[PDB]
Amino acid sequence: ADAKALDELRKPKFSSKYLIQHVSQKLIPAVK
Amino acid sequence: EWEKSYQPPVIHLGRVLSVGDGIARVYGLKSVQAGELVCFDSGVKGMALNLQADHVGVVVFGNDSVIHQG
Amino acid sequence: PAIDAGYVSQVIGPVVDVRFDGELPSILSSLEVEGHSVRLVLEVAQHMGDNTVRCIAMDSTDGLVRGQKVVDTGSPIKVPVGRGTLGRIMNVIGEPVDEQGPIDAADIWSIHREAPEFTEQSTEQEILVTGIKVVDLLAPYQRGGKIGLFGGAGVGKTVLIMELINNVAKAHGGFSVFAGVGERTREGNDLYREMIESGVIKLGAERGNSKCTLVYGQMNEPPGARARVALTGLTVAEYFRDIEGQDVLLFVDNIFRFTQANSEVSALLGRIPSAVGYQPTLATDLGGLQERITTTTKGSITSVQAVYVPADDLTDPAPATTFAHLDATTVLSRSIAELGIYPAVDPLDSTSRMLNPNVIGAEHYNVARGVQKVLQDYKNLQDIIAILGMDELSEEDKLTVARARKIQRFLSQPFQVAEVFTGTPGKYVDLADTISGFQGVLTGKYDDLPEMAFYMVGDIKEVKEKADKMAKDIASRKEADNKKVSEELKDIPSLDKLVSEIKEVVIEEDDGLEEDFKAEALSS
Amino acid sequence: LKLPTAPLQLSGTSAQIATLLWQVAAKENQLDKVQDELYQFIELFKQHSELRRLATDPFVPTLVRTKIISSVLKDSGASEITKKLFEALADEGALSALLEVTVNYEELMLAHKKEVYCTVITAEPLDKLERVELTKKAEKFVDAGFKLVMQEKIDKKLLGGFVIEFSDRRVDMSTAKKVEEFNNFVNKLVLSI
Ligand SMILES: Nc1ncnc2c1ncn2[C@@H]1O[C@H](COP(=O)(O)OP(=O)(O)O)[C@@H](O)[C@H]1O
Ligand SMILES: [Mg+2]
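If you're matching them up, the sequences are chains W, L, Z and S in order.
Counting along the first sequence from 1, when you hit position 7 you're at 46 in full-length UniProt numbering, and nothing is skipped either side.
Counting along the second sequence from 1, when you hit position 68 you're at 139 in full-length UniProt numbering, and nothing is skipped either side.
Counting along the third sequence from 1, when you hit position 10 you're at 42 in full-length UniProt numbering, and nothing is skipped either side.
Counting along the fourth sequence from 1, when you hit position 185 you're at 221 in full-length UniProt numbering, and nothing is skipped either side.
Next comes chain W alone, as it looks inside the complex:
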């Protein structure tokens, strides 16, 4: 993997959020 293809992943590219929001009621109860 190169760097110019990997440095453009710091910008958000998801444009859909059925996972990024569907863990708040799942992540912090699981790590606790």
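Among the hints, erroneous ones may be present.
Stated by the list, open to error - DSSO-like mimics (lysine-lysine), calculated; alpha carbons at most 27 Å apart, straight line:
1. S/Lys193 / W/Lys43
2. S/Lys213 / L/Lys116
3. S/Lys110 / S/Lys63
4. S/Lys63 / W/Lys56
5. W/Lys71 / S/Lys120
6. L/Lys75 / S/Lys193
7. S/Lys213 / W/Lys50
8. S/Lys110 / W/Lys56
9. L/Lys75 / S/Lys214
10. S/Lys189 / W/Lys43
11. S/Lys120 / W/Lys52
12. S/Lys214 / W/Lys50
13. Z/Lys101 / S/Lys149
To be verified - Not close to chain Z: a few residues of chain S, all C-beta gaps over 10 Å, as computed:
14. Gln45
15. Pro97
16. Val100
17. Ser132
18. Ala147
19. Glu151
20. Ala159
21. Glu169
22. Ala212
23. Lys213
24. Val215
Hints in this document: simulated from the structure, not taken from any laboratory.
Cβ atoms here follow ideal geometry from the backbone N, Cα and C, with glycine treated the same way.
Chains L, Z and S with the ligands: place on chain W using the hints.
Chains L, Z and S with the ligands only, in chain W's frame:
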């Protein structure tokens, strides 16, 4: 006749990954031949020695001080 | 063309990784690179593990791109074998390199096979008379056995192997195979040209009466070709042994260059190196090759192979491994050659399994062991002679110093292939002439002869002729030398007559290099 | 077994994951579905420090790492592929390989959308005709009927014309290279005559 037969050829690029101990490692250059003479942007020539899956080992015909990563 | 065709993954010198999308080729199978400057043949060495095979190229990899399609031939390297390959020169992959057309294929055999089994081995020891005094006496060659000629960097193991070609092969009857492995191309062009003068190789229409196949993998070739041309040379010789069923001679010049070529490839095949820098699989690479060169019950291969020693070291692992595989060993020394003794055979390092009193006879064996005892006793005296001198030994010691200095010179011999740079004519010494010739020196029949009468002669009659000639040349002396050179009536012209006979050459106006460069290029 | 062949072949062990991730998602026709879920996970590693602790910290046990990832993906409507993917990387501790898996997943999608990203640097902003004219000659440079997207840049050091930057090759068909390719040609020839 030079201008009626004139196409500026497509220049294949490659980044330097790593340089030092006399050999640069070069990202890219996908169609480079084994043993090909490559030219760095500092003017210094090199020879495409080891074609690898992910880089090209280039031995540098000159001082490796003028080559940087990138 | 999707499947059964892979593409180049990576090129590391002569080692190419090829990636196949399905049904990888077998190990030792040969692949073909599409669209190269020459025919580039790879041979699969390893299965690397992610649908990648690792191959060794039989030609140069300069000009290879990491996408080039590689097709599988579904078989190993297969060379033409038969009587249609006699008189031809082949390379590692079986192509003709003598410009005499395509090679007539009695069969197309793979260069890789297993060694013949234990039940097919032969146990038969008959002597091979060579005409060389030091070989027939102290380490006689077996007719049907493996012979090795050890020595390094100009001791004469190619001049010795040409003499065995001259002496043994012309009076042999069967076919020869010469496998040039990693040697000079000048030296292989010399052999091809003198085998046409000798009628061993006949060209054109009478080609089937040729009695030698040449297979050349010389020292300009990349290490993939040199690591495999000794196997092409056997496959020609194994065909005449197994199928034609006859006695053949296999001369392999520098079978060390098979070992060295595998050691260049193995640095790039990703291996931990062995002792002094060689590949870990040295003994089995060499052993898997040498075990094919045998006499079986169906045919015989009398192999003579030169073995280079690196930096004149016999404990180096590539010479030391080759010693076990040979029936007769002929170690050539540099310290003997600098004395002018040629062939420079170390008589206290050359061994044969034929030096056995049940095999060569009782009196041949006793002369041979008697000569080695005089030479060993003189070797034990070398340090005290060096610092104290000749005048301090016993009379019993300085009797054997003078006898061993006589048999040291008498083991030397003019070769018929050395006449071109020495001038002395060669001498084929018969086996009976060297046993009774060396039997006389041990008893003391020739203590009164000088030492230099033994140097560069054929047999014991010629030390008596050379001593008479040596004594006479310090006796023949003439008064006023019989010139008759001045006052020669009408033969010697003047200078200005002779200068006028010189056809004066013309000078073509200062090198002319522009008209014959600008004629053809128009590009830079 | 019988997987669809990948659009272009790639590097080792992080592109091999994404090539297998691509071939599974093409056998199941979820090539944009799991691509977006990959992008959703990159942002999800950015929001939380307790989620990148399961990818960098060497003291998080293997049992804690494989139970937590399965716990937050037992629900949430993710693919069957990416649920099996993330428990595979969490068993082996290769969750940090996700960020390099997905950039090899991108260029597999790019060579399947039939697409090439480029950068055209010109002297002045283009016309409704200059844009169609160089695009008609830029099909000669891509090795297919690929869809060059665009990108428009401006520099006045070029004397009209354009250059292309294809991210691995460039074509300098500007006039400013044409005048020094003229001058070094005419100076090369008059020292020959
Ligand atoms: N029998 C011999 N008589 C005279 N000179 C020899 C003899 N054998 C070798 N030499 C000398 O040694 C040199 C090198 O021999 P060569 O056969 O080339 O050895 P190698 O193949 O080991 O390099 C020859 O050029 C020759 O001058
Ligand atoms: Mg030699």
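We went through each hint and held it up to the structure:
1. A hinted pair counts as satisfied when its Cα atoms are at most 27 Å apart, and S/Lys193 with W/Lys43 qualifies at roughly 25 Å.
2. Taking the CA atoms of S/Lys213 and L/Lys116, the gap is near 21 Å; set against the 27 Å cutoff, the hint holds.
3. With a C-alpha separation of about 23 Å, the suggested pair S/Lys110 and S/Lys63 falls inside the 27 Å cut-off, and the hint holds.
4. Our distance criterion of 27 Å between C-alpha atoms is met by S/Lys63 and W/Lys56, whose separation comes to about 25 Å.
5. With a C-alpha separation of about 24 Å, the suggested pairing of W/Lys71 with S/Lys120 holds against the 27 Å cut-off.
6. The hinted pair formed by L/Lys75 and S/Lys193 meets the criterion: a straight-line CA distance of about 25 Å does not exceed 27 Å.
7. A C-alpha spacing of about 35 Å is found between S/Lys213 and W/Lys50, which places the hinted pair above 27 Å, so the restraint is violated.
8. Pair hint S/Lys110 plus W/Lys56 holds up; C-alpha atoms about 17 Å apart against a cutoff of 27 Å.
9. At roughly 13 Å between alpha-carbon atoms, L/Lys75 and S/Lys214 fall within 27 Å of each other, so this suggested pair holds.
10. The hinted pair formed by S/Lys189 and W/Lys43 meets the criterion: a straight-line CA distance of about 18 Å does not exceed 27 Å.
11. Distance restraint check for S/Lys120 and W/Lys52: the Cα-Cα separation of roughly 23 Å lies within the 27 Å cut-off, and the hinted pair is therefore satisfied.
12. With a CA separation close to 38 Å, the supplied pair S/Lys214 and W/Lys50 exceeds the 27 Å bound.
13. Proximity of Z/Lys101 to S/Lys149 is assessed by CA-CA distance (about 25 Å); at most 27 Å being required, the pair is judged to hold.
14. For S/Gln45, the non-interface assignment is contradicted: its Cβ lies about 7 Å from the closest Cβ of chain Z, within the 10 Å cut-off.
15. Distance to chain Z confirms S/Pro97 as a non-interface residue, since its nearest Cβ pair spans about 30 Å, more than 10 Å.
16. Here S/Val100 stays apart from chain Z, with its beta-carbon at least about 31 Å from theirs, past the 10 Å limit.
17. The non-interface label for S/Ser132 is consistent with chain Z: the shortest C-beta to C-beta separation is roughly 21 Å, beyond 10 Å.
18. No beta-carbon of chain Z comes within 10 Å of the beta-carbon of S/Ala147; the shortest separation is about 14 Å.
19. At roughly 20 Å, the least C-beta separation between S/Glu151 and chain Z is larger than 10 Å, which holds for a residue marked as non-interface.
20. S/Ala159, annotated as away from the interface, keeps every beta carbon of chain Z farther than 10 Å; the closest lies near 33 Å.
21. Its beta-carbon lying about 32 Å from the closest one in chain Z, S/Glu169 satisfies the requirement of being farther than 10 Å from that chain.
22. Interface exclusion of S/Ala212 from chain Z stands, the closest Cβ pair being 25 Å apart, more than 10 Å.
23. The claim that S/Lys213 is not at the interface with chain Z holds, since no C-beta of that chain comes within 10 Å of its own (minimum 20 Å).
24. No Cβ of chain Z approaches the Cβ of S/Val215 within 10 Å, the least distance being about 21 Å, so the stated non-interface status holds.
In this structure, the earlier hints numbered 7, 12, 14 are contradicted, and the remaining ones agree with it.
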